[PDB]
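Whenever a hint applies, use it, and build me the whole structure from the sequences.
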Amino acid sequence: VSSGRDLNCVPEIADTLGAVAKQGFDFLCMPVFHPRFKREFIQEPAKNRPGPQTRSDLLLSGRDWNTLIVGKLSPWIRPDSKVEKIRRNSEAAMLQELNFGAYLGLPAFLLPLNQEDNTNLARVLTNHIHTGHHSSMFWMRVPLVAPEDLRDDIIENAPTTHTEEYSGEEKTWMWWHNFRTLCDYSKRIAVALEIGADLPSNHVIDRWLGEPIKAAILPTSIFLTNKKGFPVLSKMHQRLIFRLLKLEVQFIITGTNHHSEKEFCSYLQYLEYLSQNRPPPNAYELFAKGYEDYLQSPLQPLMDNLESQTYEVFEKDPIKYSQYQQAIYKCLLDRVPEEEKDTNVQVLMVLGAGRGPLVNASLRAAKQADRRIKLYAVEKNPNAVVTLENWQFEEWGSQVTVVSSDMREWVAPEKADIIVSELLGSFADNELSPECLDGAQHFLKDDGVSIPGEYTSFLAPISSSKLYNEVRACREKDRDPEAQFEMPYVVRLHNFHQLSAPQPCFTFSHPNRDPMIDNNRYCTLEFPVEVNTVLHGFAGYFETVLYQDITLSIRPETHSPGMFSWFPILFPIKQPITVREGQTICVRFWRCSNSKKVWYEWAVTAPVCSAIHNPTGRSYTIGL
Amino acid sequence: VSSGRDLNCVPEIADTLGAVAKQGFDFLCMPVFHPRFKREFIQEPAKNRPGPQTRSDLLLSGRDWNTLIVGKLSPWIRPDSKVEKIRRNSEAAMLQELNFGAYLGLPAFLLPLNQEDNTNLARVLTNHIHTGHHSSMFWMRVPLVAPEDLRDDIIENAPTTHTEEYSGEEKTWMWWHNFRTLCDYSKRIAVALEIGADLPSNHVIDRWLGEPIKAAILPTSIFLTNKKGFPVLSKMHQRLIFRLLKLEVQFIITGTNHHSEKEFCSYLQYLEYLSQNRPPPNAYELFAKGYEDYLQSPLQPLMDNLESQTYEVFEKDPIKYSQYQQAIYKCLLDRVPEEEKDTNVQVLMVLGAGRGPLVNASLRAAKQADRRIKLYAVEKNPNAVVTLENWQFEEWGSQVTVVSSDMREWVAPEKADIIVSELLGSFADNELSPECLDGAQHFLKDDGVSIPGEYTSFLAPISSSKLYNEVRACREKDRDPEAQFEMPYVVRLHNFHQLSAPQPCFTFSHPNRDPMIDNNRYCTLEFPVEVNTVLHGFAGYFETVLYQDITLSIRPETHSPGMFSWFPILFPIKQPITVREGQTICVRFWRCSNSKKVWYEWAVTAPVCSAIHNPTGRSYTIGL
Amino acid sequence: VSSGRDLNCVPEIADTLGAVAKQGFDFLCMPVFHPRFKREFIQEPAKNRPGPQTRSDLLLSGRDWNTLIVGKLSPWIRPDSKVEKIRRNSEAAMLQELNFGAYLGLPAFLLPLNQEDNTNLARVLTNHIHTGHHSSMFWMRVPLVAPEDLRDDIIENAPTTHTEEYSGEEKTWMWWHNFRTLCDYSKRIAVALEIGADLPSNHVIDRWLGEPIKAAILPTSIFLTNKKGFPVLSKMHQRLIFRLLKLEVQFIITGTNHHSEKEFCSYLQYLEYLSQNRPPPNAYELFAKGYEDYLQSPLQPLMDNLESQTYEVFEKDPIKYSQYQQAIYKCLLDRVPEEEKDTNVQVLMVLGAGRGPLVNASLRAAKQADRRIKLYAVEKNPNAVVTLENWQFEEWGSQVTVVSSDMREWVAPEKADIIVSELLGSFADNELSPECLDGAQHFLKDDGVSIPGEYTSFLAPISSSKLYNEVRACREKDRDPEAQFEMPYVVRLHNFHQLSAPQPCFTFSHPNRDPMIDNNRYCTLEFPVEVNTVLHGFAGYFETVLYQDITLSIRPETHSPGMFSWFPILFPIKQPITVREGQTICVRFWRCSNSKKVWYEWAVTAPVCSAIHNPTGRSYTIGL
Ligand SMILES: Nc1ncnc2c1ncn2[C@@H]1O[C@H](C[C@@H](N)CC[C@H](N)C(=O)O)[C@@H](O)[C@H]1O
Ligand SMILES: Nc1ncnc2c1ncn2[C@@H]1O[C@H](C[C@@H](N)CC[C@H](N)C(=O)O)[C@@H](O)[C@H]1O
Ligand SMILES: Nc1ncnc2c1ncn2[C@@H]1O[C@H](C[C@@H](N)CC[C@H](N)C(=O)O)[C@@H](O)[C@H]1O
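Chains as they are written, first to last, in PDB author numbering: chain A, 14 to 637; chain A', 14 to 637; chain A'', 14 to 637. A prime marks a further copy of an entry chain.
Hints listed in this document are in silico derivations from the structure and should not be mistaken for laboratory results. Relax, there's no trap hidden among the hints.
As the list makes no split between identical chains, a pair holds if one copy fits it or if it spans any two.
Cut-off 20 Å, straight-line C-alpha distance, at most; resulting in silico cross-link-like pairs (EDC-like, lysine to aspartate or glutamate):
| id | residue 1 | residue 2 |
| --- | --- | --- |
| 1 | 302 | 325 |
| 2 | 60 | 527 |
| 3 | 60 | 402 |
| 4 | 587 | 197 |
| 5 | 610 | 317 |
| 6 | 95 | 539 |
| 7 | 275 | 285 |
| 8 | 259 | 306 |
| 9 | 60 | 531 |
| 10 | 60 | 422 |
Rendered as structure tokens:
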């Protein structure tokens, strides 16, 4: 676990660093100027105070400044002070300290958010950021519970508020939110969240869910003492540590030793014990590792010819093919009884056969069912057809006929009893499985079966300031400056908050036994929200019925165990939308088309209206 | 040394790869389709030939396709054929092979330039590149000497040309140049240069100097046989190998074994011997390693406050400070004779003292000279002033007065005998050393000395298709689309060709004892060119006189031994300019200013005119 | 005719303006500072000369400064002087005069190009332009014949060159060309061309053909004297005046009265006489008026539904429909003899019937031929179908069946004897007439006729610095910064020079009785050039065979009399290409496609290579 020591007293830098390294800490948060050394910038004689203003950069190597030191703003610096003289000396001192940090090449610098009004602090920080590049982080020190809200009820004529204030208990989140809004969501501004002795109510904690937390500050004072006299944490504090470890935050130990009989390293030893004894990660968490909140363009296997290694990645999912095999096995037994098993040969067409794993799944299914099949393997990608025709000649034989064709253009010699396909995207129909299957429908027998028989997409509103920032950074040269917000992204959503339960969006059935075949759709979804938050977009998932009870799902509540073929999809919004507890999020999604392209259009109509996203597919289309 | 085996016969892929790996090769260039398997795409019955069209992608792992295999275009593919049927089947086959390579995820693919007209080949390749991203390389197989020019004089009625054709001997360079011009200088298109038995004249070879050579092809047939019977190369071929090793090219062995008595690995063993026994690299080549053709923004120490690690990097150059010390030592002996050595105290002002290495150099110089000095250390960067004031208190004492001020604004208590500074850029005056020293001039005694006393910038025309491509790639969002060509770059020039000897551009003297002080300049330079080439820009260097014979230089012919503080500067041009042998390159450079900014403007007026670059400093300025 | 008086002596501004207005002049070119009042900017005591520096702006109204005055640079201003002092005072004086002109809001300002080296003049002008907006014009005063080349042969030891120097006689064009290249083709920089007593050879004159000439300067000294004693011009000077009137240039009279017996207004009276007695303009020149060098996007009637007024504009061309009628009339007589005239009913299908003018032309043709027809009017545009179905009901009756369908999708009840269409663009096949007709071909009888039967596109290399500047200005936000050069433009080419005779590019025939139907094409054109010039692009035209000898043409040498339906097309190049007399321009054009789009690709391969323009249709496509 990555840990740091927070100190406000550094007599000698090399000796302090050395003692802190001996305790097992990876870094030290410390003042870069003496915390009591208030400086005057305007009024004589104090403005002319002889130097040096602080200690020399030569006391540490450049590597040590770059890796072991987190800088700290002096505690007297008050840019939002009501005294003009204090405000102006504070602005000049803030710049001077931030500039010294940049001179040192510090990896991070700590600034407090200890009151509601930090407008001028924000302004001075924004001006500092727009002076060079640096890449250096700014960690905003904000507590879960404000100091005014955790004070002892020991003032006889000014008692503490014994009334529950739902939105008021959430006041420190609003201090952070206003600060980062003023600073225009800078990627360089993150949260150093300070944990208190008494944890606030759940709602107050999970307000921070999709916020960019880079560090968690643990005061030595919040630790309890166990039977042996060592510092430990309450079960609820342990639960919070485990949630923070999932976000890979850096842990900061602040304060003096409150367990005097023990060495100070015991606070860190306990933290390292919790890290070692954390619940282990599943096969999905192990596969998804490195892909957390990493944005990707959804694959378009109809418009583009997929590379060999994309097919190899699809083939690594055994759950998906064992589900397809089980579905084909069940369908073969329902179509051919025991008496006909040796005479009745079922025509099976794999539509979009890729490198052949579905062809092999159909063959294993037929051997399992003890039924006879005749296979056609249809594939438009001529590169995948090389793999197919080599497999056919070497292993499959005459039982499999490889067809190099678009399923919509193919003239079939026979009609199929069963059509098998895997043309599904993360939003089910976003790879144009309805259009492809509609075009192939005519060569399926009247009593013919399509595997999959049905699919349904799902949407859920999400809060994530990190993902909003990631999408924003996708602005490109030579295109609409807001195009990146008008397109979906395949992404393993990590640092986010799901604001309401997923609801069905669009459904498709196969075969499509309707005279007025229209794949266009318009859906209105009403999402009840139970917390105060910010809406940054919509997470999309899907569910499919392969055959009867044999299904595949990426919707979290029904997620197919151990299946990693599809990560969720993200539909962003151009502008974050404030949502109050008790309010309903209303979203409208359209599936649109012409003869050449298919696309999605979307808009929020409640609590406030957004603009219609991706009108006429100006930013994003799916090629037919 | 990175080596590859070129083969046109692969019976079994795994066995061939295995035998090639056993020989010591890092990779294999091979056909991805049988080289004799001509395919028909339009006319029946041959267009309907049963598959597979080639061997399966499943024969190797994805890692092996990505790292060990370079693909090859089939030899019958002739997109520039005069037969329409051949041209159309060739276009379809070229796309099919390039698409199979992309499907395989091949790191590189070989295409020949074996004739003058490759227009349609260029067109088909450009369309392939604009279909996805891939990042994959295209190696254009081009010989130093065309096959028509190396044929035996054995045709009685068609003799070989026994007449010297200067431009005609350079014909293969023009085949490459036209191809890459048509393809619009794609970063994905590089040269695989084929070496022949008889090397062409020097001029023909060095035509390739600043060209993007990624591979060098050595036919087994060019090797001579030594006393023991092993394959070796002529001394001239060895010279060329050593020049190619300096460019870090990949070496390709092509052809059959012509030294039958020996194992085939002997060709590679010899190559590995030459690599091991190459001339060693100097202290500059060792420092510059990793910075070859890497573009950087020139530092602006007047406008910006330099970071601690930039000062540390400056301090790593001992040659520069020992030169300054020697100059100060010589000047102190000329100003104070032996009789006055104990009474006469020389006032020395270090103007732009940074972290203090010049202050220490002045102190060492005074101890060496056995003369008395009084020091003032002037520095505008308040972060560097922290370092200075700590050094002053701990080591220097009262002998050094640290001054936190801009030298142009500073009111001096005394007048200086000597002013010492190091305000020089790679183009000498580009950090605004003239403006700074002009502003400080008034506090220098009438008989006062400035160290440096003088500096001169130099320019030389250069050819480099790699650097032109690197500059081009610096296009940014939210600025003029051609701004990147209108600014200088500090760069360790590597893959380039200097077209004419450097000539002086601008000169400055200190002190400036002229009533009409004007730092603006206008220079016309005439560069005689002795080879056929392409002008992509101008390399800039400088020379300075510290004191008398004590100098500093980055001009290559006078370069200060072991001094790495300054890399050359590059002034690009928006459009490459063709230059014929015997022609003069004429360039015009202006140094311009206003009260707030200084800048350069430049234009080529001969053999053809360019546009005036950076007019009014619209793309690049140096802040005052 | 718009005329101005050039003077270098203005004692009183109001009196001079008044006398000049009385003579009939529209404007006055005059010094804005006394032409002899040389100013010093650096050296005392002359730099401190008491003001005013010139006469007051208050002497004229703002409207008079904006409309009646063209400013003049002082004759002593020599920015390219070899004397540094002269050069620096000249730079400061040039800026001061240009700045006073901008202060006055002058519509134009005259600067001379009276020598080869104007590099510094260019630099000072470019810096002036990049200081604000102004929109104000800069007229570069350049003679047809250099003053060194028209001097009297009266120096006994320095005789005039009596040797013909083809390129040397063209030296003033190179002075202009280098100046405007340095200034980066500014839209604010134009030519004021000074005509001399002896006109140079034709080649020297027409070098200026596609150059931005805004004014023509006539010295009073070039005028001859007629019988009555009035100033007149030679027949050759009259020919040049008429060519300049076609470009709508402003005429400037310079010099003193050389016809003393006559009033000075006689020079202007003669000029006004020539303007009045100019050859009159044709019906095409009358229609095209206002469209000269105005760039337009070529219409795409397949991809877009044309507006009612676009159809109205097509219908204004009677020549086009009378040609179609004559072709149909001739074809009906060849298919049905006199004996069958009352029994044989010919099936005629108008494919892309628009608002119906071809339907009416077919009906008039059948009445003329005295033959029976059955009509089908096929139209995909449903808005045009409203017009059609109303015409059918009110006038046509049962004889015409209106079909609302794409001709490629339409299932015909009968087969056609004749298919009639007008799907041609300015480059013939650029509206996708081959694809449309190929799709409709199946419902034409075996002996069936297509009207048009054939079409051929033509290309010709052109020089036009104005059109290059117009194309350049089409850069748009949110797209490739060079996209505007990679697309054709429909344009009535005016201020240009055709460099070689038009040659055939692509040909199409209907019906397409070929098994291997491919509408893709690749053409190589070799253009012999007989003058020194700059290549800025290619003009495109077409020719079509409606039936037998009944044709339509926009190729200039065969242009259909009085037909204005199509203006030429312009294919630009990204970079201007220098071409020497005797050199060949080689161009390569490709017609490319996929299932959804058609496009052109083009490149110059000689005398130098260009990049391949519009690869993969990245900048321009024609929707299918
Ligand atoms: N209309 C179409 N006609 C034929 N093949 C198609 C069509 N649309 C998509 N495909 C192919 O269907 C495949 C979809 C793949 N994502 C799945 C591959 C394979 N069935 C598997 O499960 O591994 C790709 O190989 C596409 O090239
Ligand atoms: N006008 C100025 N007044 C004072 N210091 C300046 C001025 N212009 C530049 N400097 C400083 O001069 C230094 C230039 C450095 N590149 C050299 C540092 C040091 N003398 C060395 O050789 O390592 C920087 O520390 C600048 O901040
Ligand atoms: N494939 C198509 N099917 C049907 N109509 C088409 C097709 N392509 C183009 N058109 C129509 O053909 C017409 C072409 C026009 N420029 C000419 C109109 C009319 N024939 C005239 O001469 O005034 C338009 O009305 C188009 O909408």
